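Guided by the hints, dock chain X onto chain E, whose structure is given.
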Amino acid sequence: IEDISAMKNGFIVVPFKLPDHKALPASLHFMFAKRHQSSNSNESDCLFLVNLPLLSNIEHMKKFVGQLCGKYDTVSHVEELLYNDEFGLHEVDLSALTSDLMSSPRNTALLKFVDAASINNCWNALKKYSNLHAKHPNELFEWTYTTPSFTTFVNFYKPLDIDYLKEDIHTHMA
Amino acid sequence: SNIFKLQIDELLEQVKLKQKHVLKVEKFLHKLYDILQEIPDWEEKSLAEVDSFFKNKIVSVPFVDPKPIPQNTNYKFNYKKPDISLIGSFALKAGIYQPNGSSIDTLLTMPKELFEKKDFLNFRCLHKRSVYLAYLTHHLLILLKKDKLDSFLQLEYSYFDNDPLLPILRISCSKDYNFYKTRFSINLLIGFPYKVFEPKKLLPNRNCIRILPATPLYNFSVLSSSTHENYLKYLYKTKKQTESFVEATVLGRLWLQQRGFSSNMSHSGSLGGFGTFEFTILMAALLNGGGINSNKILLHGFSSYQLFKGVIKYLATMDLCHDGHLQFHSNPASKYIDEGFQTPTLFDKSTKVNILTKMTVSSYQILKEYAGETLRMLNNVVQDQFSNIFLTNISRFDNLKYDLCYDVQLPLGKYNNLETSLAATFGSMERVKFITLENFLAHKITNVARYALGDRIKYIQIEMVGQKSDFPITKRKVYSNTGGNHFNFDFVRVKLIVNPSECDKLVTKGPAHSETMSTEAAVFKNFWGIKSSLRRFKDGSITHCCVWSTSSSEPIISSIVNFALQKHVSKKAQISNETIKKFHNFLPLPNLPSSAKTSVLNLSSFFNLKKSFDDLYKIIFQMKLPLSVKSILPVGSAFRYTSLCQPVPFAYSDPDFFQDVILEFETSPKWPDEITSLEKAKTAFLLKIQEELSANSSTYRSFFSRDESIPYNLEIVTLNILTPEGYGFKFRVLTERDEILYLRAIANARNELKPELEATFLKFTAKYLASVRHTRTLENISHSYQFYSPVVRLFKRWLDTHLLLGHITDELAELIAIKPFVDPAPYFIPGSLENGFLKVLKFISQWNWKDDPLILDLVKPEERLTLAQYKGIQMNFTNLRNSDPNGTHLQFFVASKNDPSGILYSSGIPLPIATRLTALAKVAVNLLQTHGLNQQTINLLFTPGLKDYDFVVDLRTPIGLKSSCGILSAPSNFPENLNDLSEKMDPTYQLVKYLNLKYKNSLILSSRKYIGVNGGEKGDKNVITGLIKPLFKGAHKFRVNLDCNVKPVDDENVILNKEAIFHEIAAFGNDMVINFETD
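First to last, the protein sequences are chains E and X. Just so you know, the first sequence maps onto residues 3 to 27, 32 to 110, 120 to 189 in UniProt numbering. Just so you know, the second sequence maps onto residues 100 to 274, 282 to 317, 326 to 445, 453 to 983, 1010 to 1116, 1128 to 1237 in UniProt numbering.
Just chain E, with the same shape it has in the complex:
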């Protein structure tokens, strides 16, 4: 059963696929989405995004946006992603918590826009995608995994490069 495509309070289910595994005999991932505005800077005109995959960085959220733009010609000014505390590395800010300056929810993400046209366009478009995937989940646009995980995250045993952390320490002390 999939035809339920509207929740209690404004939530939208966005499903997509998972690729081949060598020992699995329709692996399906959901996102939840609402939207909200305020008078502040970047927490205005922004959609909530719940149940996002491992370390969803810029450029494949941007190929998602780009295939929506090359599919339906939507108005879409999004090129940076906000408030994705993926694993749990940035709950507190110990620097400003013990510092002079640098001052001024769980598993959520914060995807802004700039336009009322963009938020209404992406909102009713992804609602229509939610409905069409609810009655037929068959050949939606899907997750092109030109692997960001094995490049942008495999640094656990890669040593920190010398001139890079030299320049980091030098500019930060300066």
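Just so you know, nobody snuck in bad clues.
Taking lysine to any residue pairs in the SDA-like style, the calculated list, with each CA pair at most 25 Å apart, reads: (1) X:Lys1158 x E:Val169; (2) E:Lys173 x X:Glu812; (3) E:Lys68 x E:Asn135; (4) E:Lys173 x X:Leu835; (5) X:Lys244 x X:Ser291; (6) E:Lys150 x X:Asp1208; (7) X:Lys616 x X:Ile677; (8) E:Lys173 x X:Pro832; (9) X:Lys1167 x E:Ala25; (10) E:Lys173 x X:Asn1154; (11) X:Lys1151 x X:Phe882; (12) E:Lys181 x X:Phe806; (13) X:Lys1195 x E:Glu4; (14) X:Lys718 x X:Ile681; (15) X:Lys104 x X:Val502; (16) X:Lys875 x E:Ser109; (17) X:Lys718 x X:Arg657; (18) X:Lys1195 x E:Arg121; (19) X:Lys1176 x X:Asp777; (20) X:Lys851 x E:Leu95; (21) X:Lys616 x X:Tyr527; (22) E:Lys24 x X:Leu1185; (23) X:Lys1205 x E:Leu60; (24) E:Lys173 x X:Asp777; (25) X:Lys626 x X:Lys702; (26) X:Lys351 x X:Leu206; (27) X:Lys703 x X:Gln1076; (28) E:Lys24 x X:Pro1105; (29) X:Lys971 x X:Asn509; (30) X:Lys1167 x E:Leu60; (31) X:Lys115 x X:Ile510.
If you're looking for bench data, these hints aren't it; they were derived computationally from the structure.
Relative to the frame of chain E, chain X by itself:
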């Protein structure tokens, strides 16, 4: 010193059942002794016709070997009537209500003029005893058949007190007048009259027996079987004297019970021979004596615990066996002669008997140090260990009590095959000295064990396993061909507790070689022969030696027992303990040159990376910072002698390869006031150290790795010196502006973030500050606790087979395992590796969390946790347990002088993992008491998992990593770039750490962090077991703060996004991930 008398009254309240289980027993007792009153007399005979009287009759007659012949025994039998009273535990009202069942005592004394004054020749006094009880029990079976109690009671011939030369008749009941509830058996034992002879033939040195050897067993057994009432006469005299006596005897007898010394006998291979009535008569002797100046050591005007104190202080301090004893008389002082009899001795003048001659030199030698150890654990006023000194049965398992246990299979064939199967002597003097062949060869095998080992073990104990102390009426003795002989066992347990300082010393020296060579040197070269050698050393010292070949699997204790068994007592016996080799090759073998022929107490690879660190230590002191080094000092597992695969050079895939090591500088006032600036200043010092090291000492390799262990400071960068000797070190910088900076973070944090920031500071304190004193005390305690390093090595192997080690920290396991070393009581210090490991498992099964903490004082035996500090750790344990009653987040409370807080090492562990540890230890102890130590027993003790776990993600690395991890079934260099170490190392532990760190509210994960310690011979396979929280037992509706991955099917309910989350795990590691299974 206030809870002890309440413990006395409480244990008495559990032990007294003194009407409902005893009055009907007195009723049946009245029945039995009036029946035996009504049994009549019987007159003169001869045994040459009593054999035909017992020819086809249902009754039999016991004896001793040789069986009586009518030629030298032209012998006569008379049957008169004794008048019965009650004796002993029942008559002094000390009944103990076991599940096994205590015995009871009876009186069959003897008149005078039915037997002559020459009972001192060839055991026909006990033959008329045997024929006496034989006719009495045949008339008792006739009275059974005419008093209709045939269906439920059962009569049994038996060996009285496990002595084959005293048979008795025990009634036990088998399934108003039938009964099965309280302790069972009644016996029928004999007595002889008090005054029988002249005064010079009761000292046990005498001889009157056939072809002058003494017969101490014989002229103690006839004396014991004569006097069974003088003991009660002066015992009731002392009962009229003192009021303390019944409480004294009950606490002493359950003491002797839970440490296993029963009053059977020690000669024929049994832990025991010392018992409650010997204990009480020496108690009365020490009451009315005990000094050379007639110092009454006990006064009988006060309570029981102080008399218990006094009598065991006496029998712990004053030696009885090897040099003299105090002797006492009754009809009453006590005084010390200094004549050692090579026997535990105490002597009488009213009876003129040597009471402990039922008990061996080895059993006294181990019981005296049991008494010294219980003095040590009830003369300390700080703790409370009444559970250790009177509750736990330390004898119930065969391997917490002894370090080493071997089989002795004896397929000697028959009694006439003994001549050319038994390699000892078998002659007249030896079998008239030692009565049976069982206690003869038990004494001989203890002697050859003690001479083969000497100071290489502490104490010896032999036991004939499968020994049986009862036999039916259908056979005259036990005659059952068990295990390969007609003797009263099947095989032999030889058991050792070992001096751990001299386990694997591969030379056991004899005397120095003079020209006219000494007699004990002659004994030495007779005992060793082909293996004996004349010897010099590097100091020019001539002696007699024999060398051994140390091995990681087989310790040389096994080979020296093997040689001294297949030379001096048999040739075709078999000696083995495959369990020893089983866990000794469970321990990983390092890829070192000649590392199969190394020992298990060998710490040489640890010394080697300590020397390589000493070279790095010198070349890092001799350089120049702008702010010089105060102290560089190592803190890692290889420095506290704890890593499993002990470090070989050039081993990338060892996660203990990079050793943690901390340097600190001067107390400079120029530290930056902010945490990220401070971390970048410390790494600026590290960058200058790295550039000067790569400038001058070019043979060291160096890079930088970002630390992520301390949460929420992403600037901790550690360097990594790769030594040319082949080791790696994680250098860190400690300042004095870190702990006060974190405390002010605690101060000005947001009000609901204080427990999270305190978790950060506890990880900091566990990593930098307290780890230094941790590795100091463990490195300083490992050289008095010499089995501690291998028992932690396969304890963490065990813990990684069961894969808890990703949650339980290393230092928590180290404290758990140092508990049975710094406090081994009531057991002894582990002198063998299995003894240490199953003492660890037995403790963590037995130990309950919520009521009792685990304090432990990390001090060498003979700085210690005082009474104020002990009550302070009890107080903050009480504060933790009444702030949280059932252990929601703080689940283990272990604490020491290096950590009075307790929270430090046990934070962040989940309740499924902690209950998994306790439950799996209880499963282990239950299985060991089910089956005993066997090869398949140890194999499923170390099998991985297969329990109620819910995920099995199965993993392989593209190359096997035991070649490049140092466990051999060759890496010797570093490449030209320092990033190939990445693909040579495994990702699985930090990948599953990120998985748990993201999924921490929805489910917990796991992995085996050492891939090929446990993952096959090729060293490739690892599992990942997930476990859903008990919160997610249903289907919740979507809220904002529930922290899960969802698949709603209806409007309200959501469920676990199971298929996509383990597919995303499979995508996060799909080169490593090859298989998934749900349970």
